[PDB]
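Protein chains: 2
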Amino acid sequence: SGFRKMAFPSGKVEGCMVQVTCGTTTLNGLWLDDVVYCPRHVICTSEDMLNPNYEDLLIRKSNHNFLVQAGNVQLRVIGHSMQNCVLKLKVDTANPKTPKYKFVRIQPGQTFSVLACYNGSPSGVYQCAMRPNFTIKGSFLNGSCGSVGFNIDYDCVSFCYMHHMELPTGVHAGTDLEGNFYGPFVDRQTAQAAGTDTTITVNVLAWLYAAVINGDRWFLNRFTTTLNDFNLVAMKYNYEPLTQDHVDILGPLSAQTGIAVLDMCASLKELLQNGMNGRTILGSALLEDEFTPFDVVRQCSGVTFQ
Amino acid sequence: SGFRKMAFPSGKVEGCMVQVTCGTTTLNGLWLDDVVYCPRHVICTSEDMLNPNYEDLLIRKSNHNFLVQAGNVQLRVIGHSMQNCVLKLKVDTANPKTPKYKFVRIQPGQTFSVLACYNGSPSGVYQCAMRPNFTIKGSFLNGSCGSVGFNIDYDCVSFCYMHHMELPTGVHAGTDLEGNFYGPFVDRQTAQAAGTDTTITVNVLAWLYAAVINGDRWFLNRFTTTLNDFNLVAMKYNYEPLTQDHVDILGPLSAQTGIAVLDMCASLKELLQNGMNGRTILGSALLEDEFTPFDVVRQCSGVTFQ
Ligand SMILES: *[C@H](O)[C@H](C[C@@H]1CCNC1=O)NC(=O)[C@@H]1[C@@H]2[C@H](CN1C(=O)COc1ccc(Cl)cc1Cl)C2(C)C
Ligand SMILES: *[C@H](O)[C@H](C[C@@H]1CCNC1=O)NC(=O)[C@@H]1[C@@H]2[C@H](CN1C(=O)COc1ccc(Cl)cc1Cl)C2(C)C
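First to last, the sequence lines map onto chains A and A'. A prime marks a further copy of an entry chain. 1 is the number of the first residue of the first sequence in PDB author numbering; add one for each residue after it. 1 is the number of the first residue of the second sequence in PDB author numbering; add one for each residue after it.
Certain hints may be false.
[Said to hold, decoys possible] Mimicking DSSO-like on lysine-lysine, the simulated pairs with C-alpha atoms at most 30 angstroms apart in a straight line are:
id	chain 1	residue 1	chain 2	residue 2
1	A	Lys5	A	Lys61
2	A'	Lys5	A'	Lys100
3	A	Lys269	A	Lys236
4	A	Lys61	A	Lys90
5	A'	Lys102	A	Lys137
6	A'	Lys97	A	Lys102
7	A	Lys269	A	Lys5
8	A	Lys5	A	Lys100
9	A	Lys100	A	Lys236
10	A'	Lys137	A'	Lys61
11	A	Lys97	A	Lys5
12	A	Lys97	A'	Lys269
13	A	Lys5	A	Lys90
14	A'	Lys236	A'	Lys269
15	A'	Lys102	A	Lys97
16	A	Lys137	A'	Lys5
17	A'	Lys269	A	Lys5
18	A	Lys5	A'	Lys61
19	A	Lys97	A'	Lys100
20	A'	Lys137	A	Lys269
21	A'	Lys102	A'	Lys137
22	A	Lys100	A'	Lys269
23	A	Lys5	A'	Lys137
24	A	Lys97	A'	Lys97
25	A'	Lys61	A	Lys137
26	A'	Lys97	A	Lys100
27	A	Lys5	A'	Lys97
28	A'	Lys88	A'	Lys100
29	A	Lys269	A	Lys137
30	A'	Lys137	A	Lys100
31	A	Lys269	A'	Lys88
32	A	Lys102	A'	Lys5
33	A'	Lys5	A'	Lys102
34	A	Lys100	A	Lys90
35	A'	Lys90	A	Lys5
36	A	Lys236	A	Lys137
37	A'	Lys5	A	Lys5
Since the hints were derived computationally from the structure, they do not count as laboratory data.
With the sequences and hints as input, model every part of the structure.
Next comes the structure, spelled out in structure tokens:
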């Protein structure tokens, strides 16, 4: 037993990370087959990153302007092109470490592992959720652009995120691996802001089920509630509405614990109105919302990946 | 910016994990050079694990009783020996993936990354602290024994932990890689219990400095305190005593923020006596104690590993 914010093993992704330097900008790239993927603002400079015109900037570039460091070995760039907000640098060598992979775009509420990287070298790994406002609460410093987020499903890495920027509230924004931003953000230095977030209701319920599975039961009660009456409380506390599909997705957790989904909602209702009163749930004094039902089933059952 | 519970990249360790099966017990082993390391209770059975005599049990074993699966390839065991609570299985093949490594024993209060494994296959990675009572609050199910904890320091993996068991409170106990248990636990099924824990004071202060670096400042104050008067409050709230060396270790964080260590103690004192009053620190409603000063400096500065 026990319950931890757990990332996927990062080894398959570590073998794809490279360093991309252009001008005085160094960031990370993702090397799959004979392509290196990286944020397009690597082609920018100081006075560029204001309201840049990346098509103009890119046509002024040459293959040899892009220095690609795969560890202690330089990769020759033989072509370049822009795809939305990412660059695709064609290199003369296919990555012999290329795992089988997919480029997937995730939904707010879903989670993924981030391999934070600097100068092409992995620094750490942690779990993030896509917030309802399409930001992520990460840990990113200068030089971390091009770090990717991913999930693993048996032997296949599903890349879902490339890091591009921090917003003024300290949260982070980036793209899918096709270069399309999550949320209404642009890779310019403007006065853009996150905008209002909500709590991921279905995830909080999943985490409550994780707690019960692990022996935290004090928040349970004989009360129940209808979906509609629960959702008026959710709205009041800036929680996302709970749909019937969310109830369906929680079914296996409900069946394992023997606590009906709607009964757990009644428990969440009471926690929202009364707080916790000095008690904790799974070592937390806050209702946690960055674990999906899948995450709970995976950890409380022990799935692996080859 | 941002602050996350961050593990080390796990790739170097993933290449060492194997499956060890003996009788009807399957667990994980750690394959370094031509030795596989695993918990010695793999040689036990159901009626064995009560008050077993492992020397007697081991002399009754044969090299061929140990099935070692390195992925889809079987490793021939050519020798075996017991070292305290671990087995060393000599195999005919050296692991060509062996990273440079060390076997180190850590102190309570220090942190490490755990690569949770089942059937020799990595499942996830997360950060743990050695509690003052020599347990760890992990996430471990049946089959996870032999998963290791580790730190990475440039290119070198310092293995500090092998998993053996869960205690009745849901916390976890294991050994260093020389097979010596952390704390007063034995690899028998007895009525052993964790015993009383304390909060790691120096780590809480480090995390408060992490908060300030990341813009959470509401808990700061003009008050100060002496080390002695702080330590009477620490004792009252079941916090570990703060030593002058702890103050020294916090020096760089103090110097970066411009908040004297003893002034941050005064802030912790007030948080201990008043609570947080509905506010959070780094997304937590509890004082967090599983980040060392090193962890904070590493994350709030961006060190990597090759
Ligand atoms: C690429 O390595 C960086 C990663 C940034 C640096 C600090 N934290 C990060 O995640 N990306 C950028 O520097 C991008 C780049 C231009 C601006 N930018 C930003 O991150 C915006 O800036 C900030 C905004 C808010 C904060 Cl709290 C901090 C910073 Cl540095 C492009 C937008 C072109
Ligand atoms: C080896 O894979 C397991 C790992 C255990 C299983 C559940 N969680 C874990 O970390 N190790 C064991 O089964 C060891 C083994 C005998 C008993 N044992 C225990 O973990 C003790 O048991 C438990 C105690 C408390 C709880 Cl809450 C659950 C269990 Cl299963 C040796 C002590 C020989």
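Each hint tested on the structure:
no.	hint	verdict
1	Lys5(A) with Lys61(A)	violated (42 angstroms)
2	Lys5(A') with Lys100(A')	holds (25 angstroms)
3	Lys269(A) with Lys236(A)	holds (11 angstroms)
4	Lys61(A) with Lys90(A)	holds (14 angstroms)
5	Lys102(A') with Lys137(A)	violated (34 angstroms)
6	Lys97(A') with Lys102(A)	holds (26 angstroms)
7	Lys269(A) with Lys5(A)	holds (24 angstroms)
8	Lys5(A) with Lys100(A)	holds (25 angstroms)
9	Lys100(A) with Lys236(A)	violated (44 angstroms)
10	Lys137(A') with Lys61(A')	violated (34 angstroms)
11	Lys97(A) with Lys5(A)	holds (27 angstroms)
12	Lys97(A) with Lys269(A')	violated (52 angstroms)
13	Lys5(A) with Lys90(A)	violated (36 angstroms)
14	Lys236(A') with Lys269(A')	holds (11 angstroms)
15	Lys102(A') with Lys97(A)	holds (26 angstroms)
16	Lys137(A) with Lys5(A')	holds (12 angstroms)
17	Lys269(A') with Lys5(A)	holds (29 angstroms)
18	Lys5(A) with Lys61(A')	violated (39 angstroms)
19	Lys97(A) with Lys100(A')	holds (20 angstroms)
20	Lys137(A') with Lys269(A)	holds (29 angstroms)
21	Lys102(A') with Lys137(A')	holds (24 angstroms)
22	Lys100(A) with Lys269(A')	violated (52 angstroms)
23	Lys5(A) with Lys137(A')	holds (12 angstroms)
24	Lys97(A) with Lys97(A')	holds (14 angstroms)
25	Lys61(A') with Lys137(A)	violated (52 angstroms)
26	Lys97(A') with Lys100(A)	holds (20 angstroms)
27	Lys5(A) with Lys97(A')	holds (28 angstroms)
28	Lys88(A') with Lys100(A')	holds (18 angstroms)
29	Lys269(A) with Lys137(A)	holds (26 angstroms)
30	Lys137(A') with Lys100(A)	violated (34 angstroms)
31	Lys269(A) with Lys88(A')	violated (53 angstroms)
32	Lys102(A) with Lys5(A')	holds (27 angstroms)
33	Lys5(A') with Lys102(A')	holds (24 angstroms)
34	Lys100(A) with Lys90(A)	holds (19 angstroms)
35	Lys90(A') with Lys5(A)	violated (35 angstroms)
36	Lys236(A) with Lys137(A)	holds (24 angstroms)
37	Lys5(A') with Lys5(A)	holds (8 angstroms)
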